[PDB]
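Take this structure, written in structure tokens, and hold onto it; I'll ask about it next.
A single protein chain has been omitted from the complex, and every remaining protein chain is retained in its original position.
First chain written, first letter: the chains are A, B, C, D, E and F, and each begins at residue 1.
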Amino acid sequence: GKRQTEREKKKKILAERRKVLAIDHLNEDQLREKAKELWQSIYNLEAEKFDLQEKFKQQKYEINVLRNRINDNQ
Amino acid sequence: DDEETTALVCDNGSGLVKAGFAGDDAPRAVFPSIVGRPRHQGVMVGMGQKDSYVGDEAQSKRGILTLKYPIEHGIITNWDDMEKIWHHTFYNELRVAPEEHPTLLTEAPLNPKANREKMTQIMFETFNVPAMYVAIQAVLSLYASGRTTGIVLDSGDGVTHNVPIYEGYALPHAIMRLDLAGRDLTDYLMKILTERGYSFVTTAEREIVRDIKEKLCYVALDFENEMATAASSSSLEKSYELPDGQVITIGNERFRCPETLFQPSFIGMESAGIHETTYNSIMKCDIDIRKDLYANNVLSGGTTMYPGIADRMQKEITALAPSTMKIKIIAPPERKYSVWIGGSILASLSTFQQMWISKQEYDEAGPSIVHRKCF
Amino acid sequence: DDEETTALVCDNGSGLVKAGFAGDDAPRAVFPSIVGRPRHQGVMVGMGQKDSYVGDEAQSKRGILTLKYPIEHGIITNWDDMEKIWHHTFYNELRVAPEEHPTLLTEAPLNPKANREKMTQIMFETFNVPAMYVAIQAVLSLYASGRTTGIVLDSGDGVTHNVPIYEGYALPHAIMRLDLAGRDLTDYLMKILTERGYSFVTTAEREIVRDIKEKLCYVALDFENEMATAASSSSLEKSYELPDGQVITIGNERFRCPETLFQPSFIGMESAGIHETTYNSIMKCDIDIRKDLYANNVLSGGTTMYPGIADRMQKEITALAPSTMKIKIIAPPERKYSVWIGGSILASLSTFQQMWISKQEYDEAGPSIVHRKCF
Amino acid sequence: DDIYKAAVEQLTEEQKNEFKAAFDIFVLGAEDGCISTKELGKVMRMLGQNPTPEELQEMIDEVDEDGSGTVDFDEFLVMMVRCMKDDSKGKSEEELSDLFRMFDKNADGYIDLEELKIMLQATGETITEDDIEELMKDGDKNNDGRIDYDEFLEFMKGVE
Amino acid sequence: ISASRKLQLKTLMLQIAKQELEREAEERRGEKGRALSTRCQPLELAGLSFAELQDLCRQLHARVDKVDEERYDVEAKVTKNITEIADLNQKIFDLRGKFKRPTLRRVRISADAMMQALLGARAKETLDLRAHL
Amino acid sequence: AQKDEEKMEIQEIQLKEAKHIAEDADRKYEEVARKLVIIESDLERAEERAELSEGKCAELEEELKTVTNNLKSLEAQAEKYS
Partner (left out) sequence: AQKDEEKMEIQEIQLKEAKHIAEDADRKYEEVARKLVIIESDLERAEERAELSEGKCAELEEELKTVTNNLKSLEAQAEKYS
């Protein structure tokens, strides 16, 4: 519902994480370290998202069992 | 199932919303189309009381609600409530997001244009479907019978319309739409019950009167003989238990409620009954296709489920029609869902797959696209 | 406990003041609500004789006092005495200054407005509480049962009221408030005891008659059979020892005192008993929630503690009601404190935490704020 | 399981005081020398506070499975755990939800009888009269052959 | 019918179910480790100038932003699922679980354990008042 | 001696209260015994009758299946007749 506000919020959050770097604010070794830091953050995010997907699978389980119970009420 | 994409065959109707995926035998979710706000004050805190119960939930809490149908006679009179009903239908009764499914609504004949245009605008802007198509409620009922000719009398709950079709060519000048339907029969039954002492007034008790009508009323084969019999014997008086006890006994109100269909003068309507508007609809057709229409008269819609109507109607038409023609009335047992079964069949066809109103087409011509070639 | 702030769930009642902190099982301090000035002269000097003994202290010195209840029938007739009772309740029975605690009073339905407004004005000006809220005494008793529907008959000591509730939506047009309660039963018992020779007149001896009523009286399952049995045998005569000896024997006065509840013609009241005002309160409700109210009839209040009332009432209602409905009478063993337990539960809710009448709101709109949205 | 955690958590300020008071009051000796190995019941009688009967029954049964009839100081701590409300209080509802999810890893909308059958086959417990009987009673709570979520939801509720 | 055997079977089933749940958790941890391992990008850092380093950094940042966008979308979907699950939970609560309030409270603190002290204090006060004379 | 007598009076009142406790306990216990027995009997009867209804319902299912099949047959015959 109201996809415009959701899109605006997602774009704002992405712009918050718009980690664009300058030219003389880092080093080449520092740039590699930043790349590895982003890699590790993405891996932690992937683990969190996989846990979220498992939790959403359990949410689907709860959804179907609850709708089944509600239909069983009548 | 799996890949691919299935169509949503929704059917707004007026009284029962019937929906389900294309290609099945019966609608997946059938529930009354009523939206009822609570009317009392409410003292318990934190009970989780919502502001509007829609669908089948408001038929269980109807004791403290004010149910109000959003569709009066085919046309839609309250667009916010109709949007709420559609949202419920998509998300809670089918649990399929509309962003990935074509929709096939249904509409009565001779309805206002603005209703249809607003319907398509809602479906394309709010729910954001990929493509939707609007079809006349009688052609589908003709699909479901497996015929290709015949004159179909689709006596729903909102409006009764009678569309004749021959060899697939609809006759637009012979559609006879009459606004007597199940709702007026419910009101008339509620009005004649007062002759014994039972008074139903609240909009919630209209549902109880509807249940009485469904379970007890029947159409008499001959009206005067039944009126004479019910006034002498007592073999007709059937009793029924209200939702709280205090059983009631319905006498000759049983066959007087649905008799209004064949004599609309009972509720003050001028027009002729459903037995004579069919004959008039036939006589407007050409002289060479009248035999086929006589032989393939089709019944559909909910209100044509009264026990004994397929014989009364045949007797009446045989009285009106010439003596040589054979009069046959097709009354399939799956009458109530005939329109939706036909809708599923139509949506499952390969030849029909390019008739949908694609979204880019709507973006180029606006909501008035529905009246154009994509009908 | 510790930080944070707990609410004071006071419950004025009429006959017993019940109070305690929110979130417990039972009220902390329960004591009669009587204020009795001494009436004799007093000759000992320096005995430390006060001018008014309130609460449970005046039930021990009642031999030389003139006890007078400050609450007649729900309403409060003597505001100075009620203020004294509240001051005692806060400072000596709970020992918590009211400057740091919200309060949740309780009030009978259909009471005069001025009573409620004066109550809130006192609580905000004299005791200077942070925020107070007034709740109807029957909704709490419905909270305590853990239900959300049901019709509750809260027969206190001042006034008997019968509030039906469905799905959390109270029905304001079906509240039947009757002014027969425990006090009138005490007076009638004191009046029929004179038929054996025992005369109680002093306002102190009303307490003795109340004790007799509590310990001996019971509600007969069938009145005429009990009247016939007590007039032939002597298996009912139970004896009781007065506060000074001279035991008394109560015969058929045992079940005649509480019978007044079901036949208010005994004390000259016109209205129908508590067995028929419940059925009338149900019949005023809508036709679709009568089954649920029949099945969830709730008893509360002190006076409904007579041994054998939950069967007499069920028999009477089953006689009145239609034969198909099931009649069930919920009579929890913790009947007396049911209202206060419900009050504790309501005050402990998180959803309710923003309904209090905050002091700044009272400063802006005056005492008439209670009738406004913050009910 | 939680029994070992309860035994460890016996060491506190309240339950230690209870144990010390019990020892100082009715653990002295100077009896007739009958060897009162069943003094656990005597401790229950002298407790003055009777806990839930399940705790007492489990204390009498589950301990000394070898029939030793002798109780150590660790067993004194276990008995004192059984005295107070040191139970896990039906474990965590999250555990029940995770168990139900693992049962419905096949996404059947309820715990099918096949799940309990294969779990019983894996555990190898002897098929007694109560075996299958309990499965049919819980699954057919409606006695219609349909197994609903609430059945095993409340069945697994109230226990640790 | 056998209460002892019923309890034994229930306990054994609970224990074996807990062991299976722990095995499933270990399997999930292994799957998560596999997913983290297979999600790394094979990249080279030989013979690339700092301009190429900045270009690679911008490409990796764009991919990270895309992954974050997808994660936020999935988080929104799971939040919607949580809201509808809570709606179903309160539906069940009002259907059957309305008795939570008489369960969520504090009982048996002092009223059920300290009640005779009032009578004792009353008697002591009476004795003291008598001895005042 | 006077102090001892005061002690005796206190003990007397406490004994009175104890007997009072005993009586009220017995009364409530007998009440709950009555309710227990009535509830148990009614529960037994209700379970019995409900199971009876279940059996009858299954029989009705089978009857309905028979009738449905026969109606299919008659319908085929009628249409061929047409």
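Rule of thumb we're sticking to: contacts are C-beta pairs under 8 Å (C-beta built on N, C-alpha and C of every residue); 3 or more make two chains touch, one makes a residue touch a chain.
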Sole residue of D:29, D:48 or D:124 that reaches the chain not shown, by the stated touch rule: D:48
Touching residues (missing chain, whole complex) on chain F: 1, 4-5, 7-8, 11-12, 14-15, 17-19, 21-22, 25-26, 28-29, 32-33, 35-36, 39-40, 42-43, 46-47, 49-50, 53-54, 56-57, 60-61, 63-64, 67-68, 70-71, 74-75, 77-78, 81
Touch residues of chain D, complete complex, unshown partner: 48, 50, 142-143
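Please note the rule applied: only the chains that are shown with their structure count from here on.
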Of A-E and D-E, whichever chain pair has more C-beta contact pairs: A-E
Centroid distance [mean C-alpha coordinates] between chain E and chain B, Å: 49
Chain B and chain F, separation of their C-alpha mean positions in angstrom: 45
Per-residue overlap in chain E, given as positions that touch at least 2 other chains: 91, 94
